[PDB]
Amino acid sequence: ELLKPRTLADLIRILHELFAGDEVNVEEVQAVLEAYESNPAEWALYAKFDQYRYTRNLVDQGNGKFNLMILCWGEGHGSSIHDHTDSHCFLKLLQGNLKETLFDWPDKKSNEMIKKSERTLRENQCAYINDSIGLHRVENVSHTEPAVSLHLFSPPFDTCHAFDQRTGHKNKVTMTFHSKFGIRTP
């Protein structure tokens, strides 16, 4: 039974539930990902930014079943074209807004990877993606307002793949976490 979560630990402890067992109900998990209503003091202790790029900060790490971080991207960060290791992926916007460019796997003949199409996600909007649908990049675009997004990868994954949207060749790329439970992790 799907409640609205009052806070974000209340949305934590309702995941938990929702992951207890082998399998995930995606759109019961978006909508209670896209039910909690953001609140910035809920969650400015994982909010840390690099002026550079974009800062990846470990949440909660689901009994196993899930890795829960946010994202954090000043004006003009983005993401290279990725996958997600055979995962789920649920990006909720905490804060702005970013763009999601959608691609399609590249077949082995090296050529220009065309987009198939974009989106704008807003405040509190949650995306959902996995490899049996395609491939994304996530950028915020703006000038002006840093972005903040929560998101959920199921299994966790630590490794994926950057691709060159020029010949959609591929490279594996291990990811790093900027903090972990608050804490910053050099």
The other form holds:
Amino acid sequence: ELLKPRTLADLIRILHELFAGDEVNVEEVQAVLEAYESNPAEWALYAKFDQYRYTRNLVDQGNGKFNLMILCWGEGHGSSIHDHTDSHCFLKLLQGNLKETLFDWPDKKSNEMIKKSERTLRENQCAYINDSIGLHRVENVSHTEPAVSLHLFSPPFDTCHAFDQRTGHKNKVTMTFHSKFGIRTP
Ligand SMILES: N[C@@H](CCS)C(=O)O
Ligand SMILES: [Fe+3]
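Now the other one: the form deposited with 2-amino-4-mercapto-butyric acid bound, given that the block above is the form solved without 2-amino-4-mercapto-butyric acid.
Full complex below, order starting with the chain above.
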């Protein structure tokens, strides 16, 4: 029985319930993530920016089955084209806008990766992806507004691949946390 999260803290408790079992109900998780109305005061602690690239800020370690983090995107900051390591990825906008560009898994042959589609995620919207769906790139294309997003991954993962848009070639990346629980972690 899914209720509206009243606050970020509330959202986290609900996520522990949802992941209390071995199976994820994706539409339910996406629904509750969406239902949370972004309140900048609730997550300001986690919203730590870097001048040159986007940052990953851990919010909750989950119950072994997931974790939850906040990503902060300066003007013009974006990601690589990437996968999600056989895990669920949920992404919700907390501030600003992000452009999400979808790509298919590349064939063996070296080829331009052509955009399958793109969309603009606006404040409070929650997107979902997993490897069965495809790959994506996420970008703050604004010249004037920073962006902030909330990401839920299940199971947790700290590695993934980046794909070269010219060739489809992948490289394994290890991701780092800019902060954990509000604390900068160099
Ligand atoms: N999964 C990547 C990009 C956002 S979905 C990350 O953790 O930085
Ligand atoms: Fe992603």
